[PDB]
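A single protein chain has been omitted; all remaining protein chains appear in their positions.
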Amino acid sequence: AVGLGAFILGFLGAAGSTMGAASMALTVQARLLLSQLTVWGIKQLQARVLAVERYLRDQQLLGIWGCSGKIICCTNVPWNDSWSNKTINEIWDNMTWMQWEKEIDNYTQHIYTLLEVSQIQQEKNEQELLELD
Amino acid sequence: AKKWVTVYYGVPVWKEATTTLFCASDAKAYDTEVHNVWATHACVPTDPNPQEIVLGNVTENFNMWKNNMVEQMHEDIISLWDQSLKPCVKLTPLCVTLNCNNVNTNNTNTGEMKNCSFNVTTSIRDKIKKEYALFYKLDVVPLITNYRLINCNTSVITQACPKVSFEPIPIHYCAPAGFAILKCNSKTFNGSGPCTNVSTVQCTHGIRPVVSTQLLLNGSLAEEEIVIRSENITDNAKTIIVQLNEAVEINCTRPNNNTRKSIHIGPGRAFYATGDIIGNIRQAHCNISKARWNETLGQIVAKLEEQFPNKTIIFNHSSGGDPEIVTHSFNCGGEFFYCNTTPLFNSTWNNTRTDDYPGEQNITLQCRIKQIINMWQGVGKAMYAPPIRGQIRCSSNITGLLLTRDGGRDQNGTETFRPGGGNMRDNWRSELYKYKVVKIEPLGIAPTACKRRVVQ
Amino acid sequence: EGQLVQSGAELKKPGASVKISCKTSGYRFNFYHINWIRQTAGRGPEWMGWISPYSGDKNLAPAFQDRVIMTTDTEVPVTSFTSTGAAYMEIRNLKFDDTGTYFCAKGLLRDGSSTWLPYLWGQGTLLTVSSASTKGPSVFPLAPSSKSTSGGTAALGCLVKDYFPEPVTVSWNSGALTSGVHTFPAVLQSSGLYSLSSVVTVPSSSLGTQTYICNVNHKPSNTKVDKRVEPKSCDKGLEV
Amino acid sequence: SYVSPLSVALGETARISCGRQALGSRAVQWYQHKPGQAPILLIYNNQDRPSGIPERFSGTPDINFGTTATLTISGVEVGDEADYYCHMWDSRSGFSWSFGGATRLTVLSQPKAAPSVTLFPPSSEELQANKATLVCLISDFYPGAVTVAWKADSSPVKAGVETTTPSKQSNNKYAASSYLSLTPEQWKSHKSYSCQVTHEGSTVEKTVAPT
Amino acid sequence: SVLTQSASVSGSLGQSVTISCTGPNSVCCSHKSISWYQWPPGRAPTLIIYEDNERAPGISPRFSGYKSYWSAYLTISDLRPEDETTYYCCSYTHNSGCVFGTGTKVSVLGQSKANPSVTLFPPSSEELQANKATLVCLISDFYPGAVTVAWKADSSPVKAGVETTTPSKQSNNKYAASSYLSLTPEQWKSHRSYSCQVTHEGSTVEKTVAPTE
Partner (left out) sequence: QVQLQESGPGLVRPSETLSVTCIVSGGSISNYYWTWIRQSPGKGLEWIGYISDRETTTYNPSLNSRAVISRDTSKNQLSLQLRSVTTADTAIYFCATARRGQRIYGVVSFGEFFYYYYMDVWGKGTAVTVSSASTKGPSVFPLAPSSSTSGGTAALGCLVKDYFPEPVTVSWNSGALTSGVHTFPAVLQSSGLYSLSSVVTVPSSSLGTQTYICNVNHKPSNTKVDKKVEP
């Protein structure tokens, strides 16, 4: 509200949904931001509890990677070319997140552990080891 | 030039799944008291302006027949009936034998309303009184004494509370936070295929839960030409859902000025029966403009003739169905009409054009009315519609109609189309042919050239 | 993977027009541009224009901005990430110097600084512009000749002579025989008619177990010739 | 079963209801009958009147249901006094064979009038048949009520006296007569005979004597 | 063409070679993007260097791209037998279209010689029936680029009806060519033998056919 011109590009983000186009202005925002014993009272309660559960799962993964409050967090785990041969320009200028997910879906479960142990498990030890002195 | 993985929260990635949605209506009770049972007063009120995101460059397969949204909506309608009839009066003490007479009128050249008399236990158990009531002919069957009620041997009977209304109110189906509804926006969408244009919405549109047989009322109109939808049109056993662009206006009435008679049958269980009729005696009917139904059937025969090269032969209707399936059953003003759709499907066309039609006469269909119904082919509790005081009048737009292609022996029998619902759920598939439920997976990893600040 | 198949070679008189097709598959037709590149012997390769199948935007070179009409058809989905498309290009007021091969090319990247770049190319649509008329070819059988006396190999084939349209197709046993076949480029006679040859090397002992038939198809004349090569030779090195 | 009465002022507007009220859409007819004369149809369709029926009469049509069928007459004169019948044809009933109950309309309020009496003696040919009857006529009297008293000489007769119940004529007045059977010897023996017609306040008398 | 490339260039087997691509300010190198295409004669070209230095997908790291403010360069390292063909550069931007250059033909030196294969065919009997006679001399499988053909009638030069094709490249990195000699049956019958003489820079192969056989 009350934001014209100087703020209107603020609504038009850029580098976020830059992997091709299988999205729109609020394809990201339609999920992140859109939040009596009858059948509608029971079905709604299971829908609210499911929403909370699915939210805390993602944020927990983010927490156990060192990425809790972050949207774009970098990591110290290198990219193994066994997962992808392509370059940064073949990925971000030629594919959409929908089909990039479909490709790396094989190694996706593996990288999740690598994010957990190879860094934020090590970082929190290294940072505690070196803050002894 | 190195490559490190980088996590991204909020990526436009979705997978197809099924979840438990919830209702969403518009108005409540203090503006319209005791307004609905189909779309109850309890579900979340819809937001003032809906948010619809049209998804460019997106192409995804839909399927109206394998969609689980019609399965959930079907079981929501069924279960919403039990919770409403549960506390209301059961008509168990009303299967005593019935001494029935016919209605008194002059000689003609039979009757539809009848007049039955029976004795029932008063509110006091030991004492008994004899009462009279007028039950429609399709509610009594013979067994010295004439009739009994129809549903006795089959199952129990429960009278719906007169406070509730059987009005279809637009109800929305909304997916929970974390899921999404993808909506096909193509002007002529195949039954089950890829949609070139997709949108996403948190909720569906105003889907009036109109229970109807053979004809679809108050539905959604396609905006260009008409659409024929079948899971397999070469397969005769697959139902055919049709959709129109210009809906045909229908008009129906029950002219008899009935009355409401309250017969006490138990403690605080006042049963309501049709009292004596007032004024003229005449049956219920439905008017359909002949000029509009001819053009509509003219538009339907065109698309049918494009799917079949030899132009076949035009169809008739209504084989194999004794009660609810053959008639065009639909609610109006509270009573359940059962129309005879023979004036509509008695035609024959060839090379388009016309035949079997002769001005501007309203097409009239003699519609019989019942009060005992067991809906959705459900074995068990059957509802007794209470009588409606005064004269009944309604009107509706017919947007679609269900047909069924018939096949004769092996070959060369030539084919017609008997209208008939292959299942109850086919009414909902006409409104959920475009919506699909999907879940969002917003966590995406991808390689960039950034490395997190080194251990320090 | 993604593939592009153009129309066949055509012949048109100077003054008329031609419309070449380019039917794509394997990829989302709307995601990438479609370029049109021709190569004439007088000026080498020359870029004509591109069109955006998605939007409909087109960019024509100044040397083709008055005589080229590019269009595309709407994509037909195959899966959620592929489709089949069709792009067309129409050149008007053909001249003799327009003679050459014409290519359609798929774009390179969806977004960036070189999106439209010609990446996946078509197989070629040779367009000849002349005042003469189409002439069908005359096929003659080539007698077997000795290739290696100690190795026991020979060589036989067919001969195409005096045909004006440039495209030429030679197949053996309706495509059954593909190993050992060698087809040579055409020669430009002083009269303006082309001629070439096609030969296949086969063992000398294969005379009574294999049948060798060449299938020459000259589509601009709509003539199919099926000649049976006589396996009886007259070379002294092969008779031994 | 029989006929019912009704009293209406002269020149004012009248309202004749109808028995057996309608159950559905009604088609009522209204017949105007006079005893001994032919009935005349005023209204066939509930609002329609055939040619010759004056505009004074009017029926209530059943445009909206619940109305009750009433025949209304304006400017009631003596010529309107007659039996009225209401034929009831509604959709719920069958074939209404019997006509409605007659409504005996009576009118009141008129100017004064005096009758004219003409008593005549028995003729000569009557006396030849060994009989003799006196004949006393009464014409144009004000109200039906009238009492005829005979007088043989100055004494009343009281025997063999027969008088008419007054009935209305074409001139909207009533007419009546009175007879007195006698023997030829009783007619000749008396000096004179007197027929005294007492009407309302006044009393007229005619006297005739033998020759 | 305003975009000028080197006319020709050559390098040894396993050595490296460099192609130049430059032109006027309308096609200058400072502000325009330069792409490179390996365009064999007759076949569809193949992108190798999409921006100034980023190579196309699936391109060996042997191809390098460099561009100065005054000339763009393509460098082929560890040369192969298949790297001997025509190459073109394209000058463009994000919205404009390609501008192809003059072209460069790379030669691969430090090679293994290949003995040519010659085959001569006499005209068939069906051709002689139509009063036509054409000699067919085919050459293939020779690595040296050029070949010269000289026809002889009874060991005497022939200068009428001699049509020789340009040397093409074989799928096995070799080369091939063909030469035809149209004759009349009077000249074909009144001679003892005809000869197809193919001459290379290291050896001259001769094949002879006789009308008597």
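Each chain gets a letter, A, B, C, D and E, in the order it is written, and its residues are counted from 1.
The rule we apply is simple: contacts are C-beta pairs under 8 Å (C-beta built on N, C-alpha and C of every residue); 3 or more make two chains touch, one makes a residue touch a chain.
Chemist: May I ask which residue of D:167, D:172, D:183 or D:186 touches the chain that does not appear here?
Modeler: D:167
Chemist: In the whole complex, not just what's shown, which of B:129, B:282, B:303 or B:311 touches the removed chain?
Modeler: Missing-chain contact among the listed residues: B:282.
Chemist: Quickly run down the residues of chain D that touch the omitted chain.
Modeler: For chain D, the residues touching the absent chain are 2-3, 24-25, 27, 29, 31, 33, 35-41, 44-45, 50, 83, 85, 87, 89, 91, 97-99, 101-102, 118, 120, 122-123, 125-126, 133, 135, 137, 139, 160, 162-164, 167, 169, 175-179, 181.
Chemist: Contacts of chain B with the missing chain: which residues?
Modeler: Output for chain B: 106, 108, 255, 280, 282-283, 285, 364, 366.
Everything below uses one rule, namely that only the chains that are shown with their structure count from here on.
Chemist: Averaging over Cα atoms per chain, report the distance between chain A and chain B in Å.
Modeler: 43
Chemist: Centroid from C-alpha atoms only, then distance chain B to chain D, rounded to Å. What do you get?
Modeler: Computed from C-alpha means, the inter-chain centre distance equals 73 Å.
Chemist: Suppose each chain is reduced to the average of its Cα coordinates; what separation in Å results between chain C and chain E?
Modeler: Once rounded, the distance between the two centres reads 19 Å.
Chemist: Which residues does chain C have that touch at least 2 chains other than itself?
Modeler: Touching at least two other chains: 112.
Chemist: Which chain E residues touch at least two other chains?
Modeler: none
Chemist: Considering only the defined contacts, which chain A positions touch chain B in the complex?
Modeler: 16-17, 19-32, 34-36, 38-41, 43-44, 46-48, 50-51, 54-55, 58, 61-62, 65-67, 70-79, 84, 88, 91-92, 96-98, 100-101, 104, 108, 111, 114-115, 119, 122-123, 126-127, 130
Chemist: Can you list the residues on chain B that touch chain D in the complex?
Modeler: The contact residues of chain B facing chain D are 105-107, 279-281.
Chemist: Which residues of chain C touch chain B in their complex?
Modeler: The touching residues are 28, 30-31, 54, 75, 77, 80, 83.
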